[PDB]
Amino acid sequence: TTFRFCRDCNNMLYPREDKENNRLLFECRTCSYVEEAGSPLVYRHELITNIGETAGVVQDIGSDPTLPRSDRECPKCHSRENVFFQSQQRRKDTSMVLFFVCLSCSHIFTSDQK
Amino acid sequence: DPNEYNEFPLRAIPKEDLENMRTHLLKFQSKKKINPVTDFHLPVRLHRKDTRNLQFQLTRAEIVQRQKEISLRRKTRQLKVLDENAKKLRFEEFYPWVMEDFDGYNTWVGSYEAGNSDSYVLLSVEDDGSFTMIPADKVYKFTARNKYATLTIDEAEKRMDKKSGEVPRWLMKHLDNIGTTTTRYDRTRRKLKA
Amino acid sequence: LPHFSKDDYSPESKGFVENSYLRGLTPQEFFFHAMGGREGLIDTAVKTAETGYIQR
Amino acid sequence: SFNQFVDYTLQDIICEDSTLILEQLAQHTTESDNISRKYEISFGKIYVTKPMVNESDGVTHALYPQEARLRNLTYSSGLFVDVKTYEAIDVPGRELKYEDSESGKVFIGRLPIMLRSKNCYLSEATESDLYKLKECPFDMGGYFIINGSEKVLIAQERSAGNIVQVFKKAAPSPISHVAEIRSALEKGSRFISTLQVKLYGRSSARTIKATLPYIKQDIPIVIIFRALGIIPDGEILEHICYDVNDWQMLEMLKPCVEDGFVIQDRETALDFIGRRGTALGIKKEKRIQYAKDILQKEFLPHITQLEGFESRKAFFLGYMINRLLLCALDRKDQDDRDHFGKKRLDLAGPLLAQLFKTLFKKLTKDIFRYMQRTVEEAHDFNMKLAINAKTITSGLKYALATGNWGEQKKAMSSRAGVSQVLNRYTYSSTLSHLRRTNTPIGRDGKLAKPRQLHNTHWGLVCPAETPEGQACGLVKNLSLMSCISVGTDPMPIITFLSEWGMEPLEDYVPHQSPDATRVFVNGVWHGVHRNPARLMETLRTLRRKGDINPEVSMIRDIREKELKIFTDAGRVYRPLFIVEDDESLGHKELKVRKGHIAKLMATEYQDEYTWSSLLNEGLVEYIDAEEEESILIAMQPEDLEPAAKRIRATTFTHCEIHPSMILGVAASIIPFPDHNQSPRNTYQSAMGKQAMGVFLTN
Amino acid sequence: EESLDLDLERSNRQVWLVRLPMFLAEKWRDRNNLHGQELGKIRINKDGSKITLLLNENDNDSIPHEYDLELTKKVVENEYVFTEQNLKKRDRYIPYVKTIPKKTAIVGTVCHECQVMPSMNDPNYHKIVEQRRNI
DNA sequence: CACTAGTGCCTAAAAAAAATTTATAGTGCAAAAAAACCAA
DNA sequence: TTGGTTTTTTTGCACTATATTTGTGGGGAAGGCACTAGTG
Ligand SMILES: [Zn+2]
Ligand SMILES: [Zn+2]
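Protein chains in written order, with my numbering: chain A, 5 to 118; chain B, 9 to 202; chain C, 1277 to 1332; chain D, 2 to 699; chain E, 292 to 426.
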């Protein structure tokens, strides 16, 4: 779903169809540069999703004091130290799922006990 | 310290040399490296010119070819104060810096940014090994223009009017087919052909 | 409240008064009690004028 | 507040606008030539006096508060300011080089004074001398004496300016999400200059338009970016989106990019009319010069307004667009208007500043008059300023006595509750009338807005000392140690920050900074930095060492990758114990120890540690209302520090000095306020002020 | 009299743009100075990657005599120094454009963006630390 | 003979920096734009 | 076939009205010149 831009100018390449060769082309509607289409994918919507929960996972998450600490272990380093926080997606239909990041292994993993 | 280095005291530029001479910093906005000596078609002219209707302006080669072919007061007033240096800066920047090569292939328009002109100081190595210390009074930034054969203002005003829900996705392509408002390099090439 | 760790839903963290008046409250619980009292005060202080208009 | 307004902000307000010249060179060409008849008048240093008032037909007395109080005077003092031809001549060709006092320290008027201020007689009295002057030593408090009546001004809270906010407007309107910016210059022309960006459509008419003065149409933001000087669309995208990996924002921007698909040049975008007037001067359709002068001089009166910082404008506007877009994308929640920190408390200083500015503008306008009138001889320089002094003194007296706030403008914009009469029943009441606040909301009142208490109010405003009825929750009372921010010049701070390594935004690039942290000062973006941690600790240490005014507050929003610096005036802050996480003795410990407190007791009983002397060596630190969102607090100094009566993490940074200090003046009297119902405490807090006893001794 | 076209000859000279601390910039940007006198010495590793400045003793030992120069951008593109001075005294085209001619010449190419920082280990250093702390 | 106050008589201080937020209802004008008929 | 036509539907905008009692107390209320009278 990524967008490409003209090498000659940072401008959105609009897909357009080859009438005779029947393959999608991306032409810079600013300048005559044209480009081949990597995938038949053109536009992507994703009306409902469960993404964006890994937003703002800075390397300094453990630095802040206010995030609570737990005793669960990361299944890479098993160090009981870790920092946990709930879903970043602030909508009324969210879930009580939590996210555990451990300072030692610097890895993020879900709270799913299943 | 063990001689693992080249030591040489940098020397200042002579004071008397500096006066009546102004030194500025030049910047290009471009993803690709541009070398003025090689890429540009000499002769190259730097002028401070009005930028209105840049496309309609004839190229330097075009101008040379054309030349060769030819051959009660209210009596009571009060003025609010404005800083003299600011007034001079406004007067100087009333017209932008515009640089063109003879071919008209590449055109660049400068602008002035005062973010770090004062703090920055120029240092370039002299032939003897000293480093020339220059206080940089102003820093100018140049941007490319007219490379993509831009469209004109009036038709743009007509398009923005909600005559159509969406403008033609191939309007630029159709105009290029009509070749309206050819590039300055293109116009110069056409004039040279004629 | 800035005396709690983030993202807690324990009753004390989110304002459950545990103690009784006999022993006396704790700073946080005191603050929450103040909140409730203020709510009651303002709601009555507005409804009085409103419902007076309706009555008239 | 008053001491600040007197020491500075007064020489400042004068030297700022001390320019007035009438150089009548020839008022037309020649006239041969004539001489550049400069009429230069400028004000140098100002002067203030002790309260020194003469009666009719008599000598001037050295006043004293009781004297004015019984004689119905105004405990004020006079002022007088210094006032400052040699020419340059030009007949037509060449040109551009064609460019008085009569007295000194001329009287300009008299203004009231704060009791026990820097320039009040009482601020140095000894108890013996204080009794010699015959007033109660317990009279701690800065009221005013106008026509012989104790007079007190009250704080006015207002939403802090120059700060990004977003709102979710109601569904039926074609706007769903809006972002608003306020601005000021402290306080020339009042520079309200509201900027707001609206998101259109639900309908799916996804488009973004902005409103700018003096442009009276909604304008597509892409046109704004282009006109600013950013032609290639990819750059504009870089100014909005930061994580190039994410896409959703690009998808919702797609229609906006489509809207501006027609224009491709900066001045052509500037060529858009946005007329709103005034009368079209030199023009073809719209001057490019007109548009650029707008965008520089008037647009966004903060971060800069001079000539040459388009890029700063672009980055800030992109930041605000991004914040707007998040709310529409549900990534971040709705803004909270009622949060306390984003408010401020205007006080005596700023209020007197506003009135003095208005009256001095009237002064200058009148000075221009009767100078243009004296076409013939001569320059007065003396007598008009007497009527001017009458005007200044009368205006100040009227403002401080009537309660209306402003000149005789038929009570326009004159909120009355500014100069209430000081209550004098009970010493408790009197003290409970100084630290008082008030906000304008309406006549009748709403029922879902700041009347009800808020979490942010903790430890800053007393949660029980409020009046009831038609004003409940509006008037509110400062807690005990709460102190107000008097502001400080940010220039040294920003210079220090740049020196220690800053990326000025002029050469910023998101690609090479996928993780760098933005930096804000008083709500201006200045640069981006790579390591926030070291800068944070360094600033903290430098503050604690006492090299920065402690009123300054900084916050590191590690979740948002943001750094804030605040040094404005009017913030509210409280003291706190600092706790060092490290400890050679073991787990964790607050830095102060027994030796310091022993020294404090010794100093007190001497009848040389001060609270300041505690501040310098890093033992307690001020905390504004904004920071608490980045600090964990320990209620008791022993609550969890180590490993029936009643019911009772390991990462504390500060411990409360004492919980019982969250009260205010009146509630402090209530014994065991914990052990009874809160509305009953509120009933008592209100009622106690209606009790007799003693109020002074004199 | 002078050719309006700019000179392209002086381009081929490498230039080092230096951001300078306020105290030192105040001294060097003064027009009273700049008589041509030498002011300091530079140290370059044979291996490279580390540059430090050796200030001369003309500073009156009020500021560090040693500084470290950090190349913020080792490689620099599209940045040059051009110098200015006064000169001697659909197919429709616009005839009048009001050209304003000046004498201009490009004199160098910027290759190294570097910043001068006081070495904390310098004995005269850390004094400006207190000076900046006060201001 | 001249300066200033004391009292009586009588129209203007005309400057714009801004528009400043404070709601929520309804409900009758009023005009703005879409939608059907048909006629050129 | 489509634009001039009348009809309708909508959208805005501009209106008013906002519980009952009692008692102080604190403010000023035309200012701005004009014409003459007393005093130096
Ligand atoms: Zn292109
Ligand atoms: Zn692990």
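Think of the hints as simulated: they come from the structure by calculation, not from any bench. Hints are supplied without guarantee of correctness; some may be wrong.
The list that follows gives simulated cross-link-like pairs (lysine-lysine, DSS-like), each with its CA atoms no further than 27 angstroms apart [unchecked claim]: (1) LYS152/D / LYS119/D; (2) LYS379/E / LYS293/D; (3) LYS285/D / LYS166/B; (4) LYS589/D / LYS1282/C; (5) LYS365/E / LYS39/D; (6) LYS285/D / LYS379/E; (7) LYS96/A / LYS1282/C; (8) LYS95/B / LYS379/E; (9) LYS255/D / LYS181/B; (10) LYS106/D / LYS146/B; (11) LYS152/D / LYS1282/C; (12) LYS88/B / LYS98/D; (13) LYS255/D / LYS170/B.
Covered by chain B, per the in silico footprint, the following chain E stretches (three or more residues, Cβ under 8 angstroms) [to be verified]: (14) 309 to 315; (15) 330 to 344; (16) 349 to 362.
Using N, Cα and C, we set each Cβ at its ideal position, and we do this for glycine too.
Here is what the structure says about each hint:
1. A threshold of 27 angstroms between alpha carbons decides the hint, and for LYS152/D with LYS119/D the separation of about 18 angstroms falls inside it, so the pair holds.
2. Using a Cα cut-off of 27 angstroms, the hinted pair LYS379/E and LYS293/D is violated, with the two alpha carbons roughly 32 angstroms apart.
3. Between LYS285/D and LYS166/B the CA atoms are separated by roughly 17 angstroms; this keeps the pair inside 27 angstroms, and the hint holds.
4. Between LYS589/D and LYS1282/C, the direct Cα distance comes to roughly 21 angstroms. Compliance with the 27 angstroms bound is thereby established for this hinted pair.
5. For the hint linking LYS365/E to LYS39/D, the alpha-carbon distance of about 56 angstroms lies beyond 27 angstroms, and the restraint is violated.
6. Simply put, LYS285/D and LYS379/E have alpha-carbon atoms about 34 angstroms apart, too far for the 27 angstroms limit, and the pair is violated.
7. Between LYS96/A and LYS1282/C, the direct Cα distance comes to roughly 19 angstroms. Compliance with the 27 angstroms bound is thereby established for this hinted pair.
8. Taking the CA atoms of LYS95/B and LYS379/E, the gap is near 24 angstroms; set against the 27 angstroms cutoff, the hint holds.
9. Proposed proximity of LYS255/D and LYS181/B is supported: the alpha carbons are some 20 angstroms apart, at most 27 angstroms.
10. Our distance criterion of 27 angstroms between C-alpha atoms is broken by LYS106/D and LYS146/B, whose separation comes to about 42 angstroms.
11. For the hint linking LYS152/D to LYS1282/C, the alpha-carbon distance of about 46 angstroms lies beyond 27 angstroms, and the restraint is violated.
12. Restraint check for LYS88/B and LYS98/D: satisfied, since their Cα atoms lie roughly 17 angstroms apart, inside the 27 angstroms limit.
13. This hinted pair checks out: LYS255/D and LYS170/B have alpha carbons roughly 19 angstroms apart, not beyond 27 angstroms.
14. Given as covered by chain B, the region 309 to 315 of chain E passes the check, having 4 residues with a CB less than 8 angstroms from a CB of that chain where 3 are the minimum.
15. Given a C-beta distance limit of less than 8 angstroms, the hint that chain B covers the region 330 to 344 of chain E holds, as 8 residues qualify and 3 suffice.
16. Coverage of a stretch by a chain is defined here by at least three residues with a beta carbon nearer than 8 angstroms to that chain's beta carbons; for the region 349 to 362 of chain E and chain B the count is 0, and the condition is violated.
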